[PDB]
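This is what each chain is made of:
Protein chains: 4
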Amino acid sequence: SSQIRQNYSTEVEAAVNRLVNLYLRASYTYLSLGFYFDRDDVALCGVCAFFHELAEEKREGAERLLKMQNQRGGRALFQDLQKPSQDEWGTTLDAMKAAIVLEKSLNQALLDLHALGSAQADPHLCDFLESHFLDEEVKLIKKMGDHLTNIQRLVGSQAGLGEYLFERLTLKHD
Amino acid sequence: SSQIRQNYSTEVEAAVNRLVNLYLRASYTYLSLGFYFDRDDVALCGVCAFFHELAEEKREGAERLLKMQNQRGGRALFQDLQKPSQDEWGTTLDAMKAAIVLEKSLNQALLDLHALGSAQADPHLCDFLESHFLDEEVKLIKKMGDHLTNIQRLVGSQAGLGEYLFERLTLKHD
Amino acid sequence: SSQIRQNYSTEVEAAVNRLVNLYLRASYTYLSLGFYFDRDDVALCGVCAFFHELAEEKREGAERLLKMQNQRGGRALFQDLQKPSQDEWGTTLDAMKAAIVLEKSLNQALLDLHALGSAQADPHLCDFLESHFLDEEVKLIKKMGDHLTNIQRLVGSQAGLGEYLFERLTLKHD
Amino acid sequence: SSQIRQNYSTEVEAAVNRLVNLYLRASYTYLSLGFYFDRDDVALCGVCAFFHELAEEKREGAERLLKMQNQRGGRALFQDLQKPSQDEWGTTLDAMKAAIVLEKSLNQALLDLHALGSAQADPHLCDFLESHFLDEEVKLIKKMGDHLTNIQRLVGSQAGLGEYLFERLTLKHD
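Protein chains in written order, with our numbering: chain A, 5 to 178; chain B, 5 to 178; chain C, 5 to 178; chain D, 5 to 178.
Since the hints were derived computationally from the structure, they do not count as laboratory data.
What you were told as hints is all true, and nothing was included just to trick you.
A pair counts as met if it fits within one copy or between any two copies, since identical chains are not told apart.
Heads up, simulated DSS-like pairs for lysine-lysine below, C-alpha to C-alpha not over 27 Å straight-line:
#1 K101 - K71
#2 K71 - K176
#3 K101 - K143
#4 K143 - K71
Bound conformation, chain A alone:
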């Protein structure tokens, strides 16, 4: 039961639960991505750190959605979390490409939810999705696009060299 629910549709409640699953799935994918790059036969620690930071960010996003669900008087419903799409992630390039399509899928889900909020005349939802989701996604996707371009320019005739240099000179180890 709830004593607080107001202007919060069952459709939005369900969509928020689905978005939680998507964010948690993404976090799980990033956990796998990071550990792949820590394999002794891959050994690109800047890439491990990049994806593990994202694993944390996506988990935090899910947690924020869940906090909001409760703030509105909706009820969290958890579903199975499917395993990531790959067990091995190829090159840094392959991985960054997979990451961008993952992020575009999260972004599309955010846009779909915002559209639902608009259709349901739910401005609090609209306010909520603003900063900590929509702008963050745009910033992240831009960063990934920038990375992709730099990785691509580094392939040239010596892919191993370029992959090392990108991990050393772009990716942070702070």
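Based on these hints, arrange chains B, C and D on the given structure of chain A.
Chains B, C and D in isolation, oriented as in the chain A frame:
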């Protein structure tokens, strides 16, 4: 007269003045609630503090609306402030129930105003109502719902004991 | 491929991957437990904090296992994460009971893995499971047993009162 | 003579003396490796530092074994220290390969000693080999595997360039 008014409908201007009255009425209700709990035959100081903090918050909300009214070139119009609905507020439970229906009424007025802003294509109004009103209301109503649940669980067979314990152990005296 | 694997059986590698899944499942269960206690109709924040701390601890345990998997030259394999066993978790008592059987199941899995390590003459595994798993589990289960006893003694004739008092006076809000 | 020896087999005592010789041999090999990379016609100072740090670590390991030998009432017996297997160590790649097989040999000797300790029911030996030997070896071998992978990816079509870059950008000069 105004030299600054732009995209600010008479409908929104009037609705903002009505919302100011609602916020000031709410502040007045909270002033009364707090003083009731400071009666020597009631004597629940944590409850006095809780409602008096809300009296301040609601006054500040009215003041923010009035500042915005002037920023947009609308004109503040004040009406009589009706006295609160009760002179005596019963138990902490009764009072928290009254507070939640008060807040739900303010929240509904905010939603109605946002809908009017949307109909009038007034995005500045929409931006304004966002943080310092819509999210604040959702957070407050959640807090009150939490309080209600705790008060309710404390009634049991010994209502006096539960009322004391809630005021001592949940409500802040900082 | 690996250039580092030494004295690391396929059986242990597989068991470590299964243990990662168990820890991540446990983390997910604790995420759900915590959010249930943050429902406005439950509203026991000390209980939310207790279970969310455990969600973090279990995730960290999985991460440590995965780091070790790579240190030994084994390969992380992720499986679907099943949803928690319940959507609603009842009273704090019910929840603490569920938590203890969860922990006992993790502990048994640790013991089974240690036994496998012994059978495979793998002392590094045995060293690894020592502090950050075996002793931590024993300490945690003792804490949960202590909590259960205190919750049980607080039921008496007034369960609501006891549940409130335990959350206020035992569970930390730091 | 000893007045303290308890549960300390002659077999373990002898094995500890042999392990001391192995650690000291390894230290000597690392001393040679480091100085080779400081030749004016090799001149890779990050590689000198890497191997000289290991020379110190291996000497310290021998010293710890010797301290333990005395703590248990065994008697240190020193043997000749054979010269390292090479006078010239080739490329950084060749050297890192030689280092990994050296470490794997030390690790195998540790495992053999732990197995002997188990057979002799000598848990203090087992406790001793744990942190400062077994876990350290696993961590070191993982680091060397990571290095090897990075060196290998840097060979490409320009081996000189890759060797320089690895020494500049991976190996520490702190």
